[PDB]
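A.B. asks: Let's have the full structure, built from the sequences with the hints guiding it.
Number of protein chains: 2
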Amino acid sequence: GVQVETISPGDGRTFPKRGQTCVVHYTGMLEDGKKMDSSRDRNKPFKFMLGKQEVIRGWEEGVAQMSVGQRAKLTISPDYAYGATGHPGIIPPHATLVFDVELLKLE
Amino acid sequence: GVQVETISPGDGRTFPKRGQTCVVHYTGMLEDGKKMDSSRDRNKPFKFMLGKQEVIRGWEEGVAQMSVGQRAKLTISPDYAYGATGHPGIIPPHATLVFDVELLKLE
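In order, the protein sequence lines correspond to chains A and B.
Going by full-length UniProt numbering, the first sequence opens with residue 2, and the numbers climb by one from there.
Going by full-length UniProt numbering, the second sequence opens with residue 2, and the numbers climb by one from there.
Hints were generated in silico from the structure; no laboratory data involved.
Please note that the accuracy of each hint is not assured.
Claimed, not checked - In silico DSSO-like pairs for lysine-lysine, Cα to Cα no more than 27 Å straight-line: (1) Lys106(B) x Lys35(A); (2) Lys53(B) x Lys106(B); (3) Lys35(A) x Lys74(B); (4) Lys36(A) x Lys53(A); (5) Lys35(B) x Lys74(A).
What the hints assert, rightly or not - Output of the computed footprint for chain A on chain B, the stretches with three or more beta carbons under 8 Å from beta carbons of chain A: (6) 14-25; (7) 47-57; (8) 62-74.
Backbone N, C-alpha and C define an ideal beta-carbon position, used for all residues, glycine too.
C.D. replies: Right, dumping it as structure tokens:
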């Protein structure tokens, strides 16, 4: 699963519903906090629609639990990330990921 | 595309053919040499079917020019990897990758 740990509160009432487009600022890391990719380095918010499996399960499900303006740390288990085979070349097998995500807005 | 630079020679005759299974030991890293994943960390060779697009275009197209027993440094441009979009959370946009690949055998 995905363990969500709030860093900054959102509005607590505007949560992502299926079909909407999530505008976020993320930072994907390895279990120990090793930075891999951050949309903050490009100053461009990343968009993804709920129900389209555009991102990994824990990435999306962790966000569905957040309200607009919130920023939290999402600890994703391998089964919710890239599983037992991982993504050969970039992601090793059985990898737990830690994302720092901020739900900028919905659309 | 991909640039093949031989670190160690192969037999120079046994080249991969569509359908065969390529057995390799790799180490994928970014353009500056930062390591991401290595099958050697698990002492388990990696396998992929030639022509089945089971890996990024540069990964596969480099091994197709390698003979059994050869170990080479493959410099893969962004277009032959994850492109302008990359792979959000793992690899950033316009990323040149560098793989150290060893063609252990064909099967």
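A.B. asks: Please go over all the hints and tell whether each is borne out by the structure.
C.D. replies: Each hint, compared with the structure:
no.: 1; hint: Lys106(B) x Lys35(A); in the structure: violated (34 Å)
no.: 2; hint: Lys53(B) x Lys106(B); in the structure: holds (18 Å)
no.: 3; hint: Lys35(A) x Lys74(B); in the structure: holds (25 Å)
no.: 4; hint: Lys36(A) x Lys53(A); in the structure: holds (26 Å)
no.: 5; hint: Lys35(B) x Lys74(A); in the structure: holds (25 Å)
no.: 6; hint: 14-25; in the structure: violated (count 0)
no.: 7; hint: 47-57; in the structure: holds (count 3)
no.: 8; hint: 62-74; in the structure: violated (count 0)
Checked against the numbered hints above, the structure breaks hints 1, 6, 8 and satisfies the rest.
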